[PDB]
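One chain comes next, on its own, written as structure tokens: the form deposited without the named molecule.
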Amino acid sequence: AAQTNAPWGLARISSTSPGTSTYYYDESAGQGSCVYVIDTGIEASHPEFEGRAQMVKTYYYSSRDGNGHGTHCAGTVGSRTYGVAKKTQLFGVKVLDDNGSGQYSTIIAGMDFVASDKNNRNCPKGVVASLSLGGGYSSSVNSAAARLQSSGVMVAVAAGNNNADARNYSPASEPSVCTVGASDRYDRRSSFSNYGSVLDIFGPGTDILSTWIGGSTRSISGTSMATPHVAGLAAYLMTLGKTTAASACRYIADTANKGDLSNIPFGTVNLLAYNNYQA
């Protein structure tokens, strides 16, 4: 399949080179996989989701995304126009309030929720979780992310936006999950992206067009936007049979575009997520 005039980040995912605008992908498109978006919620009724999105848990008075961030992330995972895995099922877990913040205890509860709830869903090709959130180091938060990964969910987490070593942030610093840095359309590390030896991969994170609340769309930037590109890519690859949840991060790193990014500090991977699709 070929989607012309795609968002630059989709085109970058399927390209060995910057500067193209068509997204190429296998038509299976993540069908039979599931992605949990652990964030501010998802506006499921948005047509771009085509009935494939639903809210499954909230820790607040409503399951509505009153912020937009979670809807934007879900759109990069799996919206029809803006998504990597255009046929995946999307499950929203609202651990962040409408101001975008959440207590660590609530975030931990939402991760444990996903580890159990996947047993209530039909995801024969595999289960992914996209965690576009983070704060300071917490061994409890890291343990919760490690448990989720151990349960058989591919966990993708944002490195954080502090232009600092991700070792000091959670869940970014948990070794066993897939920690995602952000790049821009000219193959530079995004200026805000955290770095360090705990990173596994980079994805597109600067000026990312996706869905928003109110049936709308907008471009925004962050490692929170890079993370759903990698989560969607994992779902896509798991549907193709190329990898499993336990192996997907290593598979993506093994098949990544290698050595092509700029402003990568010494000691940080220079790997950019790539779908290796050949039509």
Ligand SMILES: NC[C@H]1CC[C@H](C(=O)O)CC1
Given for the second form:
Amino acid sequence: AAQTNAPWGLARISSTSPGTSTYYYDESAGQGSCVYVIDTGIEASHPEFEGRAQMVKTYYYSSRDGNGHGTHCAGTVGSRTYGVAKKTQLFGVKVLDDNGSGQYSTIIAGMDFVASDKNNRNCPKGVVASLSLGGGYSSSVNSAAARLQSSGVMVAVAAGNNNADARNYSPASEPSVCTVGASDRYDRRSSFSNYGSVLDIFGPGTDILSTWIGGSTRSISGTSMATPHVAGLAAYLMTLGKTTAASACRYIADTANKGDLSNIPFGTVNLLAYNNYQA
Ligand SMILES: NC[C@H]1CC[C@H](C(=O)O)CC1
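So the form deposited without the named molecule is up there; where is the form deposited with the named molecule bound?
Let us now look at the entire complex, which starts with that chain.
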């Protein structure tokens, strides 16, 4: 399948070269998989989600996304126009309030929730979790991310936006999950992207167009935007049967475009997520 005039990041995911604008992908499009977006919520009524999004948990007085960030991330995973995996099921877990803030205790509870709740959901092709959040190092936060991964969920986490080594951030620094840095449309490391040996992969993160609250769209930047590209890619590849939740981060790294990014510090992987689709 081909989506013309796609956002640059989707085109980049499906290309061996920068500078193209069509997204190419197998039409299965993640059908039968499910992706949990653990964030500020998802505006499930947005036309871009086509009924495939649903809030399943909140830790606040409402399940509504009053911020926009969670809706944007969910759109990059799975919206019809802005999403990698256009037929996946999206499940919202609101661990961040409408100012984008949340306690680590709440974030941990949300991760434990997904590890159990997946067993109440029909996801025959596999389960992914996208965590576009983090803060300073916490052993408890890393352990919760490691538990979620071990339960059979492909966990993708943002490296962080401090232009610093991600070893000092959580859940970015947990070795067993998939830690995602950000690149721009000229194949440069994004100016804010964290780096370091803990990173597993880069995805598009600068100037990413996706869904927003109020039935709208906008472009924003962050490792928070690169993470759902990788999460959606994992759901897409799992639906194709190419990999599993336990192996998808390694598979994405094995099949990535290698050596194409600039301003990668010595010691950080030079790997850009790629779907390897040939029509
Ligand atoms: N691993 C639990 C979750 C993944 C798929 C499973 C199934 O589809 O049989 C039930 C929900």
